[PDB]
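Take a look at this single chain, the form deposited without its partner chain, given in structure tokens.
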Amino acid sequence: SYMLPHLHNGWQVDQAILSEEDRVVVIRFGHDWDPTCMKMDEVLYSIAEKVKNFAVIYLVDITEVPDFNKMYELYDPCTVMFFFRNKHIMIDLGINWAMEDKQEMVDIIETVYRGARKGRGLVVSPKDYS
């Protein structure tokens, strides 16, 4: 009913997570008006179809839905969090920044999915070039 539906309260976020048995649930937490969220939403919308077989994306405004603000601490910048089979999946980069390439976002989501489905609660995406 919208490429990237908005989850309007804690119950909806919980249901979005509990509702997927085989795909990573990608959730953007931030302020809808924030410049970082605009850039993040643009990328996510542009790759939503591409990752559909293994990931589903949702948007959450943290002013409206403050419930999970202890998970990133209302980090502030726009952040994306990942869940697979009801487990929060951690990523070590060696996701709260707008990336130019939408392919980079496809990469991280695919990396989280492929690692999480084999049992990992921690996945790594070496973004420490230099």
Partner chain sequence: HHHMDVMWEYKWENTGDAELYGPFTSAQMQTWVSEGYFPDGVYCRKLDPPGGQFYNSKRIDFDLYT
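Definition used throughout: the rigid core is the maximal C-alpha set that superposes within 1.5 Å between two forms. Numbering follows the first chain given and starts at 1. What changes on going to the form deposited with its partner chain bound:
Superposition on the rigid core between these two forms places the CA atom of residue 71 2 Å or more away from its counterpart.
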Given for the second form:
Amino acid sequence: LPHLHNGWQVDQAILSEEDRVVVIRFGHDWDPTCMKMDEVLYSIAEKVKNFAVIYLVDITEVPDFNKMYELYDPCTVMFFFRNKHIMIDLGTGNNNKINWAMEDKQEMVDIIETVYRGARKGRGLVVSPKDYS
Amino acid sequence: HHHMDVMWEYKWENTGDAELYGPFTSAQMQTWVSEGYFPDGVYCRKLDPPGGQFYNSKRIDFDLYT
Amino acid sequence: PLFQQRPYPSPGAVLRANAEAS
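Starting from the form deposited without its partner chain shown above, please give the structure in the form deposited with its partner chain bound.
Time for the whole complex; same chain goes first.
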């Protein structure tokens, strides 16, 4: 899975897609939660490839977003679409990021696909098929 | 145009014995929602792929698939 | 509802804001 290595690269990545969701994982490869998440993101990448591209960002090597994206969870996954952060209601109370090892591969595809169809349709907000409380 | 369009099936209660209803188009499902047929929601899913869990339709936006 | 979570800015805008802060 591709990595972004500085702020400029992250900006380039977001600006590189017209018709796909850019999924970013902020964290650390050596981190346990990020390993679980990275496993899932890896195995579903082929499937989401017409509507989604995934990148990893280490938030020590690339600290630029730590304060504003509030990256205080070990593993954060966030969604972008034509340069707009897209939100998902996960029934968690936090609509800006998925911040846990979301173990179910098919569920991740569903969420990523929902975000894509929503963001294309113009919503800045969609809800995950499953409630996660 | 290569794939069969998205198709839905539901049940009224989320169990293994409950009765399955399908298949319906996304616009069919969306009609039934915006007309009161599922006030307390139903447990529905997409038929493709056939390995699927059921989701409460209240959390589903069918107008995304139409 | 009242006081709904707002979306974070884009990476470009974040980076620009950091530049502003300096």
